[PDB]
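Read the single chain below, which is given as structure tokens and is the form deposited in one PDB entry.
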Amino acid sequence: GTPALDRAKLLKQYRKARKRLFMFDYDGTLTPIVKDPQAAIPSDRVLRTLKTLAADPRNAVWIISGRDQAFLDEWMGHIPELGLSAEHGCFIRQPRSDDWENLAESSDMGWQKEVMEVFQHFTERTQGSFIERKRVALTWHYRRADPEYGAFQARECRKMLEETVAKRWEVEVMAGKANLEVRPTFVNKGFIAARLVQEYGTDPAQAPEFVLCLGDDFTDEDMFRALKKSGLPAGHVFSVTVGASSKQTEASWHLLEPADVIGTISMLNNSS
């Protein structure tokens, strides 16, 4: 459980900070969960609120989303002051830059060949299993094997990956329900968050003195944890989950709904 975000405490640090960093999850945070996600086009109120926040040059405003580059480009990209992270960190656009960077193509992807060979080995041993490739992640699915024998082989596979591949390459080995996924570390929201803080440089006088980090599910927990280990003074950082007061989280605060998130940002926009 967490306390409701203390708006007085938030506003005071906002007013005191010389530079400020905002990291917003999109779906379920800035905009409500909906039945059809091609729905979830952001309202004019969301866009207006973000436009006003990002217009202050003291502010660095980031939108961090699983949504495709095309989506963010079309519905957010017309506000050039927004930093954008699309497809879970694979494509990044710095604020005020018209220049998307492809992190996949600039990183060492040699790990995919090795992971494929390992997965091929256990696929041969595990009837019912198969490999799924996505553009940056590789997944071995084994839901169709006997659960006991499946988990036996998944333990052996993970061990092989962790001791070989994950030592040589900057990747993470993730266990899902009945699958193993390997993916670059740059796809982890906590990696993204830590990197955004690191980009301010080594000069501690140059670190942002206000950080607001907002998200609604388990993928955002990674950001909250990353910020805890960032070395920033605790009173400068507000990690906020969107959800119930009773929600278990690494965040320090909660806001109940996306409307309350937009309402909080609007307060900051009306600070004058």
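Numbering follows the first chain given and starts at 1. Think of the rigid core as the biggest set of C-alphas that the two forms share within 1.5 Å after superposition. Compared with the form deposited in another entry:
Only one of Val197, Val187, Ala178, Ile79 has its Cα shifted by 2 Å or more between these two forms after fitting on the core, and that residue is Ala178.
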Given for the second form:
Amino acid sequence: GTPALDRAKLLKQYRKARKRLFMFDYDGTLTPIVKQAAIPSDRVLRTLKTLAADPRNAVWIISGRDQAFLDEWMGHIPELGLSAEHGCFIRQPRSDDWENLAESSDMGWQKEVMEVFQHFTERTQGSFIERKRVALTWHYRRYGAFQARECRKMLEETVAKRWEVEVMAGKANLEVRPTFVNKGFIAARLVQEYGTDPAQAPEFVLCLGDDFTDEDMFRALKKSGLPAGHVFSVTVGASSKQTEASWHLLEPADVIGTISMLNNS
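Switching conditions: you have the form deposited in one PDB entry, so give me the form deposited in another entry.
A single chain, with no partners or molecules, comes next.
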């Protein structure tokens, strides 16, 4: 559990900070979860535009949403940093260049993953491989769970040992993906971009998200080296929710309200 976000504490550090960093998950955080439906309201867009208008602020939207979604709904706010398709497409603040991070990355790890995946596929009836530009996935929905543990172990003693890649399990599913698709990696990278000089660090960081993928960002900020009172990791959810975050807000409405308070600092 966490205490409710201390809004006075937040506002005070915001006003004091000369550089500020915002990292926002989209779905469930800036807007409610719904069953292409979750388009951003005018209020959300206006609030983000006003926040990004301040050159002291670096404002990032970090989403698994398709690149076209973020581009169409938020691209017109030029100061926003956009991360789409789980970290696969990035648009820096004030850049009109979308970058494809897969084509920048050495994907040489895929061959060895395919080798390990073929080994287990030959020994696990009904299993099969799915190949993407970025992620390689071993499906066993059709013993699976045990084989997946064996496979996970083999990937760890080989592929993961020499490639910046991480192993992710699904319900009946083993996926292997570059570290750059991990939100914690993305958050760590955003902070590291300010350099190692402590006087050039952001003095205010607000990091918001609503589910397990966002827990990685909160964990990453614990390793940032930033002064405790400078970082606000906030989960969107119940007060009783176990989280790596330090604070909670109950609903996306409370998120937008909180940003609105800052906009009026």
